[PDB]
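These notes concern the structure reproduced below.
For this view, one protein chain was removed and the others were kept in their places.
We call the chains A and B, going by the order they appear; numbering starts again at 1 in every chain.
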Amino acid sequence: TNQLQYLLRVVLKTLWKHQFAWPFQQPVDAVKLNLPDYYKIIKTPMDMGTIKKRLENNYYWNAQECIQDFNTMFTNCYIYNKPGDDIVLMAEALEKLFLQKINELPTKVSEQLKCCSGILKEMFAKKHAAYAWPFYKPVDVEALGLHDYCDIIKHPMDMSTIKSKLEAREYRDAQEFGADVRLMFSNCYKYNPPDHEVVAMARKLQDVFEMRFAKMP
Amino acid sequence: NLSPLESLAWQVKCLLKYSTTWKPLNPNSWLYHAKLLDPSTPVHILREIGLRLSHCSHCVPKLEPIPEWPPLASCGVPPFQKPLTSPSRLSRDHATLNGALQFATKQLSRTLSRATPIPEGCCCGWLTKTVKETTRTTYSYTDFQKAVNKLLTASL
Partner (left out) sequence: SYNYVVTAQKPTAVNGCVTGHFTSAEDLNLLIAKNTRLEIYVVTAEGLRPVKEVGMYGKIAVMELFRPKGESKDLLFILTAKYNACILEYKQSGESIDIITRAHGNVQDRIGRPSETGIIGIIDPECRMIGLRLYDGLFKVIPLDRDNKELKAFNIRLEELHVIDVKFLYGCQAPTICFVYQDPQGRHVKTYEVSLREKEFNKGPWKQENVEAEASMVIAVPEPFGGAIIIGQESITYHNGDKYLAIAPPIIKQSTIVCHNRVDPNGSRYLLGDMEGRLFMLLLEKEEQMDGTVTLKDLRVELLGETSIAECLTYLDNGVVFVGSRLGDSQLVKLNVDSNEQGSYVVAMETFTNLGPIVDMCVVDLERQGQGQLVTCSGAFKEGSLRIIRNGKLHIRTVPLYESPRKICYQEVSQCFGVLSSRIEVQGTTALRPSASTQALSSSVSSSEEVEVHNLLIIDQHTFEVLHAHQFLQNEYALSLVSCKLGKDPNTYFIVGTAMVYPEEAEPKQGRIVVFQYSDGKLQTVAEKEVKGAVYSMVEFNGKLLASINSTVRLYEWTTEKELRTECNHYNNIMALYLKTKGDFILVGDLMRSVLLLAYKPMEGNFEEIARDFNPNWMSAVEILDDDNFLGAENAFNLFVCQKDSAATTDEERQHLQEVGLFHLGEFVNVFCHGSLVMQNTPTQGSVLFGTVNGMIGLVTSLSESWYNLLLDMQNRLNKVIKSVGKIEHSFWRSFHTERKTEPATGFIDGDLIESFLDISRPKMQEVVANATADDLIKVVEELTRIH
């Protein structure tokens, strides 16, 4: 109907790009996220991606079914967490923005290297700049205080270094590039504990990178 | 569409959360109750850092702490408790202060008395680089507050 179209093309598009959108763009992978009691406290997990899929394939029958889905997404975050948590602030900001917008609701190696250059250029876009920014440049061992990072990681890597290497044609074949990117992510995994939010961002960006690189010619 | 200053404050807060040397002011301090620092918008972390209300112990090891609650002489309200003295006597006591401190004390006493307690290396270099790269290589706390001061002056 008209309201479903409005939600799909205005509200959904607006909330899909907001700088606080990325954490809610996928199901809550409790096992990876180390959430023991989460799956006992909420009986109806929900996420923006589920909403987009339902809207795109007309899973709904009534428009309010998607509104209650958004409200449930806010409600689960509110219930599980406590005031003062960053996710709580993100949920509050999203809720107020939705309320602002809802009021308007109407009544062949060369081919592989080319592909890898395209992928790396994609990873630099503003489309993912919300949560891919930690890796844009080499991790400074002095400007962030990580004394041991020099020792625990033996091969620092970052997207700028990979871009420079590609511009210099240092990669004889795409397999080296893939190994370098996977090393870049694995270093972050190995250094930090799983709780640190950086990992969440690394998992997101690596999911995107794999989705793109699996299509290498 | 989050504003640039809000986005920068958000990054500052998130990164600072994991620093074991960061010692933010107690969330129950009176400032958070008298509405002198807005708790909703993330920008207040910069305003704190501007005033040295929140500081890094590695750079500033001996900062005098900010009192949790004002002495009752300047607000007339004891911690999270309705005053014993009747309103009229309070009003007669506030008439002795000057014209400005009188208004400030009246405001504080009208606000705090309805408060409710809320149940509860060094990263400075990179923060200062992010701030300056937003407004425009070894730094310390001083060059962080000095940069946040200019950012606030030219942004708010």
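Convention: contacts are C-beta pairs under 8 Å (C-beta built on N, C-alpha and C of every residue); 3 or more make two chains touch, one makes a residue touch a chain.
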Check each of B:2, B:14 or B:66 against the chain that is not shown and name the one that touches it.
B:66
Out of B:86, B:116 or B:137, the sole contact with the unshown chain comes from B:86
Hey, which of B:107, B:130, B:134 or B:135 is the one touching the hidden chain?
B:107
Across the whole complex, the chain not displayed is touched by subunit B residues 31, 34-36, 47, 50-52, 60, 63-67, 70-74, 78, 83-86, 88-89, 92, 95-101, 103-104, 107, 110-111, 140-143, 149, 152-153, 156
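FYI, only the chains that are shown with their structure count from here on.
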Using CA atom averages as chain centres, what separation in Å is found between subunit A and subunit B?
32
Residue set of subunit B touching subunit A in the complex reads 1-2, 7, 10, 13-14, 17-19, 27, 40, 42, 118, 121-123, 125-126, 129, 137-138
As the complex stands, subunit A meets subunit B at residues 18-20, 83-84, 86, 89, 92, 140, 142-147, 196-197
